[PDB]
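Number of protein chains: 2
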Amino acid sequence: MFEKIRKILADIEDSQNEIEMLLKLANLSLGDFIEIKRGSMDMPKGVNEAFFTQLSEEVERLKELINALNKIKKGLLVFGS
Amino acid sequence: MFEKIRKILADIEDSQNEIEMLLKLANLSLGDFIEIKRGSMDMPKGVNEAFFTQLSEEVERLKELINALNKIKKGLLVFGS
Ligand SMILES: [Mg+2]
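As you go down the protein sequences, you meet chains A and C in turn.
In this text, residue positions in the first sequence follow the entry's author numbering: the first is 1, and each later residue adds one.
In this text, residue positions in the second sequence follow the entry's author numbering: the first is 1, and each later residue adds one.
Careful, some of the hints might be misleading.
Heads up, the list lumps identical chains together, so a pair's fine if it works in one copy or across two of them.
[What the hints assert, rightly or not] In silico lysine-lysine, DSBU-like type, Cα no more than 30 Å apart, as pairs:
#1 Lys-45 to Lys-74
#2 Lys-63 to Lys-24
#3 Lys-45 to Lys-7
It is worth saying that the hints were derived from the structure and are not from the lab.
All chains should be modelled from the sequences, with the hints used to inform the complete structure.
Right under this line is the structure:
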């Protein structure tokens, strides 16, 4: 299990690094990205929307990795807690 | 968000190391610890059950750290997904 966790943690670090780089390049905060994606915030002028496909994919990867880590953690539950 | 995640990842590595040490001292696999805690495996003789108090505390901390990450990830939901 700890082998599985360590691999996922490494992948999460990588995913975070990618997202931070993409946000830096896009000149956008993570918060603003989410608000734009959900339809609440207008695209700021200056921001290149062409980054959004990759950002979306990487954010989905991060979510999936966190979910996968939690699935491993289910093996540590005793009596479901 | 990302500063929080980075700290949690570091705390998870620390927690894992602490558990590995306790398991080494106890001469117990993580798998066996869980099997014994859940009632499925008898206490092997030679194993000092006194280790179970700290092992349980540290495994609880590891679970709570992973849960903290789960909760952070909830902020990345868009349209509830
Ligand atoms: Mg094991």
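Each hint, compared with the structure:
1. With identical chains, the CA atoms of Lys-45 and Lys-74 are at most 30 Å apart between copies only, with a shortest distance of 28 Å across copies and 44 Å within one.
2. In this homomeric assembly, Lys-63 and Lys-24 come within 30 Å of each other (Cα to Cα) only inside a single copy, at 20 Å, whereas the closest approach across copies is 32 Å.
3. In this assembly of identical chains, the alpha carbons of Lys-45 and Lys-7 never lie at most 30 Å apart, being 39 Å within a copy and 33 Å across copies at closest.
Going through the hint list in order, the structure does not satisfy hint 3, though it satisfies all others.
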